Amino acid sequence: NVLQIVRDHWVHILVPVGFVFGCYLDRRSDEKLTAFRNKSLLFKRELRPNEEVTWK
Amino acid sequence: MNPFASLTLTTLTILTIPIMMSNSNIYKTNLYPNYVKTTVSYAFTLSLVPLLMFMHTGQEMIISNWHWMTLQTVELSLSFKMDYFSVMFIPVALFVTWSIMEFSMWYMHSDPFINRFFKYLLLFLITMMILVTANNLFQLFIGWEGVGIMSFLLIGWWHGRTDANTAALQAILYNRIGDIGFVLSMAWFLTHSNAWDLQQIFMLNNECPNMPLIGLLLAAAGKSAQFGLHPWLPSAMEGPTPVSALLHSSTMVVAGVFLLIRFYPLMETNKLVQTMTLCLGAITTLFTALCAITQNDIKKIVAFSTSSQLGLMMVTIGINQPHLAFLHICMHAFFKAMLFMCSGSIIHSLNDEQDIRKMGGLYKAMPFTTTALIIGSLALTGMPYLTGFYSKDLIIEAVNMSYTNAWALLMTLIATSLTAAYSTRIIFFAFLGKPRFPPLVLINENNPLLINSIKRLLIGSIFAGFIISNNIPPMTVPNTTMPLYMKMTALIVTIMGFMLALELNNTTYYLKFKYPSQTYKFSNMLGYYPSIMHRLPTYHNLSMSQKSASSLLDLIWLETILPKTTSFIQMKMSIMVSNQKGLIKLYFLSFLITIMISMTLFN
Amino acid sequence: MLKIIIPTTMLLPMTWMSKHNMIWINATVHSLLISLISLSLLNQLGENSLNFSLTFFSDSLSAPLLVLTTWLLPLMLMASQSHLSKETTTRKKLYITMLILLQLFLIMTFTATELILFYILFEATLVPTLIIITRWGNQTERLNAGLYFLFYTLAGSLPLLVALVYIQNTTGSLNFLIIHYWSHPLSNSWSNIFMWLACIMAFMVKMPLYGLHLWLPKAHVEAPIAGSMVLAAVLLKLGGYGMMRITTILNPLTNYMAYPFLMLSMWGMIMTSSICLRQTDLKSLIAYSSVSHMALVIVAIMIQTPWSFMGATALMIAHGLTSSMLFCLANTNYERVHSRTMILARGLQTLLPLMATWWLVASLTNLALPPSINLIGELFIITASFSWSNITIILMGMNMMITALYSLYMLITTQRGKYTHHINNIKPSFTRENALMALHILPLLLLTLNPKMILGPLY
Amino acid sequence: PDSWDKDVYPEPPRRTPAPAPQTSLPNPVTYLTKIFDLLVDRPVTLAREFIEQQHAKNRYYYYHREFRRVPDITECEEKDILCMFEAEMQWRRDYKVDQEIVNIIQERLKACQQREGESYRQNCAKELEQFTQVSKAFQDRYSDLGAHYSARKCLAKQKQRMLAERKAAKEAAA
Amino acid sequence: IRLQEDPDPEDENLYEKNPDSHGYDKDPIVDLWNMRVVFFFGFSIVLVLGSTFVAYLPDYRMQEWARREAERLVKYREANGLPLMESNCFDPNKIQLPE
Ligand SMILES: CCCCCCCCCCCCCCCCCC(=O)OC[C@H](COP(=O)([O-])OCC(O)COP(=O)([O-])OC[C@@H](COC(=O)CCCCCCCCCCCCCCCCC)OC(=O)CCCCCCCCCCCCCCCCC)OC(=O)CCCCCCCCCCCCCCCCC
Ligand SMILES: CCCCCCCC/C=C/CCCCCCCC(=O)OC[C@H](COP(=O)(O)OCCN)OC(=O)CCCCCCC/C=C/CCCCCCCC
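Protein chains in written order, with full-length UniProt numbering: chain A, 3 to 58; chain B, 1 to 603; chain C, 1 to 459; chain D, 2 to 49, 75 to 200; chain E, 53 to 151.
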């Protein structure tokens with residue numbers, strides 16, 4: 003029945019959840035390199051009234 | 001917008017269309033050959049229209065429709081050069097291909113893969129159109145290699161025939177030497193001019209040098225089967241008769257001449273390359289005609305005639321007459337295609353017999369093919385007002401009246417005489433006399449397809465030269481004033497060849513037997529060139545490929561130097577180290593020696 | 001790069017937890033999905049690389065190699081499921097595990113940002129390959145082949161490790177960005193000569209260089225089909241990638257030290273083409289063709305001009321795809337007749353039409369046929385070598401002629417002629433085999449349509 | 002057309018002679034041009075009109091990115107990684123712009139040769155001189171930098187060139 | 053003989069049991085679904101979607117940006133009589149040559 007389907011096809015979510023976790027870890031790695039954000043001579047600009055950071 | 005670009009690109013696209021429909025029920029049915037032929041006819045008319053547009057106002061254009069890639073300062077784009085040469089060669093090639101396709105509908109009826117045959121013919125036509133209309137060297141090379149591989153695939157049509165496979169591979173080998181020359185020229189042009197297109201090449205090369213021009217000359221010799229690289233064209237007669245008629249003789253072997261024509265400014269600037277071109281063309285036409293006059297296979301005779309005409313075109317280029325070369329290209333396409341079709345009809349009516357020794361009586365046995373072949377032979381030899389007269393006569397007049405090589409001039413005249421000789425040989429041994437074929441007479445030429453195709457190619461062999469010569473603008477200074485004997489040199493040598501060959505053929509009826517001469521053996525056996533040059537270099541290369549490279553170096557010395565010697569040394573050292581008797585006396589004496597050495601030598 | 005690294009490390013438990021008959025389906029489907037995800041790396045910048053973090057970065061040279069690796073994994077899965085039908089479930093899962101580990105190591109190798117991490121990963125790629133060869137090979141010579149492959153690569157790579165740690169002690173960092181910005185000229189001294197030799201010789205053995213290449217025929221002939229596919233398609237490209245990376249710090253000494261390697265590469269290109277002319281084994285013929293093409297790539301990297309680097313990258317990608325396709329075709333023939341001799345089976349065009357078409361297309365791409373990316377790369381390399389010197393054109397022309405000769409000779413021998421009479425077990429081609437050939441060939445033509453994606457950073 | 006700038010891509014004024022027929026025979030080119038206009042040009046014009079009507083309802087705009095200038099490698103200190111990075115990126119952008127400049131000049135040359143046709147040797151001397159000058163300057167700037175070119179290597183080459191020019195000037199004055 | 057070894061097994065043909073076999077697996081249902089997923093995912097998804105995605109990738113290489121910049125610079129320089137290609141990459145005033 004349905005229980006046997008999940009018992010056999012619970013492995014098909016492993017790669018998708020791995021991809022989601024990888025995207026999350028990429029965001030976490032990006033958020034630690036925010037040392038020159040809105041500080042490069044080429045891309046330095048004034049912040050818009052309703053924004054806190056130039057990029058995330 | 002001007003219809004010129006639209007109509008030219010439309011002809012090319014509708015040529016490409018039936019290849020798309022090769023994955024359909026129409027391709028699975030038996031209507032595909034007629035469908036392809038109809039498409040080619042429509043393309044022919046739609047290409048005739050821009051030819052009319054050009055012959056009025058001399059309109060020429062280039063179309064850089066699609067940009068492929070920019071290698072920093074070099075831009076490669078899909079560009080087509082619709083000039084005089086392109087708009088005059090596309091309709092002629094389409095006309096010839098239409099006739100060949102109808103003839104192949106009649107001729108290949110029993111072939112299980114006639115649909116594949118027609119798809120391959122259309123693919124060859126597409127690649128040839130790409131080659132002719134190419135505006136840059138890379139697209140020209142695309143068309144070059146495409147016609148090369150399509151020739152490879154169509155020559156080896158019968159995959160079970162080892163001779164067909166050898167012919168295909170030999171054609172590939174010679175065309176690859178030509179491609180070596182082509183790549184040399186491409187590399188030089190890009191390196192020294194930062195361009196792969198004709199406009200900038202011509203702008204920057206005010207005095208084109210020997211290296212690029214010799215590269216181009218080598219490529220043209222390889223593709224057009226000049227001397228040294230000639231044997232592949234006669235060997236290409238292994239393919240079906242439609243292949244020989246359309247691909248090789250008419251439209252593909254003219255690729256090298258066309259390449260040399262497209263660079264006529266640079267050829268004009270240089271002189272040593274012109275001399276080399278003239279000499280190569282002269283020796284090619286002479287040698288190929290000399291081999292032709294004594295062959296017994298009708299397809300071989302026509303192939304050698306094609307090679308001789310190509311040599312004449314190369315002579316025309318070398319005397320700095322590029323436009324006469326193009327005119328002769330068109331005229332030769334017409335009458336040589338018709339000659340090949342006539343020989344194919346003869347072969348099919350006589351149950352796959354290709355020997356003039358077994359033909360005979362066909363003058364009355366087959367009326368229409370007989371009159372067509374006679375007209376084609378008259379056009380080939382330059383009958384004073386047929387299609388071949390408007391090009392060959394002018395070529396001979398220009399050769400005699402120019403500052404040329406004396407030996408090249410003499411060889412050109414002798415080649416014209418031998419052209420007349422071998423045309424007489426074909427007529428005499430094929431149509432005149434008594435039958436020599438097996439008694440079961442299956443001679444039948446009443447097929448509307450065969451008759452209509454030969455009719456269409458027969459009108460061109462009579463009138464096309466007049467129309468084409470009278471409609472093109474004057475692109476060269478005529479030789480109005482010349483001595484009477486020089487004006488009549490072509491006719492005199494043609495008539496002398498006719499008479500001498502006819503007499504020598506009439507002597508074959510006598511009840512007299514004599515063994516062949518050394519000159520006869522040299523002429524009949526193709527000058528011994530295929531024997532020596534196909535047994536010696538190949539044997540030496542294939543022998544060194546195994547005795548020296550694979551066996552001596554790879555399997556023996558590269559194994560001995562690095563991996564074997566190191567392994568042997570390590571094995572010997574391991575045996576020395578581990579071969580101990582396990583005696584405390586021995587290795588304690590060793591300990592004593594080590595202690596003494598460490599005490600004395602280490603301070 | 002974690003969005004691509006983690007799904008492979010999840011391919012591992014999924015393969016080990018899936019049912020006994022769903023392993024191939026799951027592995028193939030999710031490998032294809034990972035390849036689709038990795039296609040997003042081709043969007044590169046014109047100024048600098050894609051700096052994901054302190055550990056992984058992507059460039060116009062790394063991106064196509066990653067896409068090729070990720071696309072190559074499912075094809076190896078299809079071939080493996082062809083030839084491993086009677087294996088036990090645990091051994092099938094171990095085979096898939098070795099393939100997955102190899103792919104993960106290759107991905108991290110191409111995306112590593114330090115030379116030392118690159119070294120560690122590109123040396124870690126040897127273990128799965130050696131296990132695959134020496135465990136699932138068919139014949140006896142697989143053991144000797146594994147020994148040759150392993151010891152050639154390690155004898156090449158150990159001086160590279162010493163040189164890398166020395167360079168880090170000397171300059172302070174092995175990060176590729178830092179060593180590109182803080183590069184200094186290399187003086188002509190014996191010490192610099194031997195540092196140059198250490199690095200270059202490691203990657204030349206990995207290429208391989210002519211005279212250092214016997215392990216390549218040994219390993220490629222005796223490995224299973226998946227091992228042969230990965231060895232030729234990707235593992236030969238680690239040497240080229242490494243040479244295109246390390247030569248930043250070896251100038252101007254490369255101008256003087258490249259003569260022996262250029263002469264070896266050109267003459268060995270000629271020699272290996274000639275060897276291909278007289279080969280009695282199909283796999284050996286394909287292996288020596290690989291040697292010739294990689295010799296051309298070595299020439300490009302050594303002459304080291306912007307036109308040569310683009311040609312090197314294009315030729316690397318094209319050769320990977322073409323050699324993989326050729327190995328697959330030879331393996332299908334082998335599975336028919338259980339022998340590798342070229343003249344044993346003939347008439348395969350009259351017995352198997354569509355396979356004859358695939359053979360024709362693959363052989364046409366093996367020789368430089370325009371406008372294929374094979375020709376694009378070879379032509380760029382030839383042009384750069386012509387600007388280098390004007391007899392390189394002679395050598396390149398000879399090589400092109402012989403390449404066409406042996407490719408068409410292989411096609412004519414295997415396909416054309418009359419069928420062998422006593423071989424009556426040649427069953428019709430499988431949909432799996434036909435799909436494998438299609439998946440090899442269609443991306444190559446699409447790359448021909450869009451050629452700027454595989455021309456490297458110098459474009 | 003307003004698609005491109007006529008000053009960047011010049012085209013000489015087009016002089017088309019008026020037809021002056023001398024025969025009563027009909028002109029097949031004229032008849033076929035009329036047929037082409039009736040059968041092809043009108044339907045394609047109608048289709049393009076419909077497409078452009080559909081486009082005008084969803085009109086949106088895109089912009090051209092502007093990079094402000096930054097100090098170059100001459101101003102950057104030795105092993106100052108951030109300034110070196112900014113200067114190197116700026117030099118690469120300038121290299122790309124110079125390559126496109128050379129591409130524009132080459133396009134001018136090709137188009138002029140094709141347009142002039144048979145009198146190209148004399149009528150395209152103006153565009154040949156501009157191409158010669160631009161190619162000379164571009165070659166002197168970026169001729170032999172190598173595969174691993176950089177702003178530092180270009181600066182070193184410029185220093186070598188300046189030293190050579192100074193030495194030549196001193197020798198001439200001596 | 054020197055061993056108790058099994059005889060070499062006969063080659064197993066997938067077409068004998070299953071005439072409409074795709075060559076993936078012995079089980080007909082597993083074989084059919086393996087074919088379906090391979091064809092669908094590979095051909096449809098990867099080929100078509102990846103090819104169109106690559107075709108319509110945004111111009112991050114700044115090809116058109118560089119062309120527009122070059123057009124602007126050419127227009128400005130030829131309007132003012134300046135050379136189209138500057139003679140030096142850097143400023144000789146900011147470059148200090150050794151004595
Ligand atoms: C190293 C040398 C390099 C030379 C380079 C230059 C080469 C130039 C070539 C010149 C042309 C050679 C023609 C013959 C070659 C083929 C021979 C052969 O086997 O034919 C059989 C072959 C028949 O084949 P088949 O049906 O199988 O029968 C088998 C035979 O029965 C089998 O019987 P067979 O074996 O007895 O038949 C051959 C026999 C019979 O053939 C002939 O007699 C052909 C004669 C052709 C005409 C020659 C005289 C032309 C006179 C022209 C006069 C007017 C000039 C213009 C001015 C007029 C106003 C003043 O020929 C000979 O014995 C020799 C003929 C002349 C050879 C010339 C080359 C010499 C090479 C070196 C010397 C060798 C000497 C020893 C020979 C070997 C040892 C014994 O003949 C033909 O099909 C036709 C033959 C040629 C017809 C055309 C002739 C005219 C065109 C060429 C001459 C030039 C005319 C003027 C041109 C314009 C000038 C401005
Ligand atoms: C640029 C470098 C190359 C320069 C020339 C080198 C030639 C090297 C020869 C190639 C090595 C041969 C390897 C295998 C080739 C294919 C296998 C093979 O030998 O088949 C032989 C095959 C079959 O023999 P058939 O005559 O058809 O008899 C059929 C009987 N049923 O014949 C061939 O293809 C032989 C082709 C070898 C050509 C050798 C000579 C080539 C001429 C080159 C010199 C000419 C220069 C041209 C100057 C042009 C001036 C601008």
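Please note that a few of the clues may not be correct.
List time: in silico BS3-like cross-link candidates among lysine-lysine, alpha-carbon distance up to 27 Å [claimed, not checked]:
{"id": "1", "chain 1": "C", "residue 1": "19", "chain 2": "E", "residue 2": "127"}
{"id": "2", "chain 1": "E", "residue 1": "127", "chain 2": "D", "residue 2": "7"}
{"id": "3", "chain 1": "D", "residue 1": "196", "chain 2": "E", "residue 2": "146"}
{"id": "4", "chain 1": "B", "residue 1": "564", "chain 2": "B", "residue 2": "300"}
{"id": "5", "chain 1": "C", "residue 1": "92", "chain 2": "B", "residue 2": "28"}
{"id": "6", "chain 1": "B", "residue 1": "514", "chain 2": "B", "residue 2": "434"}
{"id": "7", "chain 1": "A", "residue 1": "41", "chain 2": "E", "residue 2": "146"}
{"id": "8", "chain 1": "E", "residue 1": "69", "chain 2": "D", "residue 2": "193"}
{"id": "9", "chain 1": "D", "residue 1": "183", "chain 2": "E", "residue 2": "146"}
{"id": "10", "chain 1": "C", "residue 1": "19", "chain 2": "E", "residue 2": "146"}
{"id": "11", "chain 1": "D", "residue 1": "105", "chain 2": "E", "residue 2": "146"}
{"id": "12", "chain 1": "E", "residue 1": "127", "chain 2": "C", "residue 2": "427"}
{"id": "13", "chain 1": "D", "residue 1": "185", "chain 2": "E", "residue 2": "146"}
{"id": "14", "chain 1": "E", "residue 1": "78", "chain 2": "D", "residue 2": "152"}
{"id": "15", "chain 1": "D", "residue 1": "179", "chain 2": "E", "residue 2": "69"}
{"id": "16", "chain 1": "D", "residue 1": "162", "chain 2": "E", "residue 2": "146"}
Read the hints as simulated data drawn from the structure, not as lab findings.
Here is how each hint holds up against the structure:
For the hint linking residue 19(C) to residue 127(E), the alpha-carbon distance of about 68 Å lies beyond 27 Å, and the restraint is violated. As the CA atoms of residue 127(E) and residue 7(D) are separated by approximately 10 Å, the hinted pair is consistent with the 27 Å bound. Proposed proximity of residue 196(D) and residue 146(E) is supported: the alpha carbons are some 21 Å apart, at most 27 Å. Between residue 564(B) and residue 300(B) the CA atoms are separated by roughly 56 Å; this puts the pair beyond 27 Å, and the hint is violated.
Straight-line distance between C-alpha atoms of residue 92(C) and residue 28(B) comes to about 43 Å, which puts the hinted pair past the 27 Å bound. Only pairs whose Cα atoms come within 27 Å are accepted, and residue 514(B) paired with residue 434(B) is accepted, the gap being roughly 23 Å. Taking the CA atoms of residue 41(A) and residue 146(E), the gap is near 26 Å; set against the 27 Å cutoff, the hint holds. Between residue 69(E) and residue 193(D) the alpha-carbon distance is near 89 Å, which puts this suggested pair outside the 27 Å criterion.
Taken as a hint, the residue 183(D) and residue 146(E) pair is honoured in the structure, with Cα atoms around 15 Å apart against an allowance of 27 Å. Pair hint residue 19(C) plus residue 146(E) does not hold up; C-alpha atoms about 71 Å apart against a cutoff of 27 Å. The hinted pair formed by residue 105(D) and residue 146(E) meets the criterion: a straight-line CA distance of about 18 Å does not exceed 27 Å. With a C-alpha separation of about 69 Å, the suggested pair residue 127(E) and residue 427(C) falls outside the 27 Å cut-off, and the hint is violated.
A distance of roughly 11 Å separates the Cα atoms of residue 185(D) and residue 146(E); the hinted pair therefore holds under the 27 Å criterion. For the given pair, residue 78(E) sits about 76 Å from residue 152(D) by alpha-carbon distance, which is inconsistent with the 27 Å threshold. Of the pairs offered as hints, the one joining residue 179(D) and residue 69(E) is violated, with about 70 Å between alpha carbons and a cut-off of 27 Å exceeded. Of the pairs offered as hints, the one joining residue 162(D) and residue 146(E) holds, with about 24 Å between alpha carbons and a cut-off of 27 Å not exceeded.
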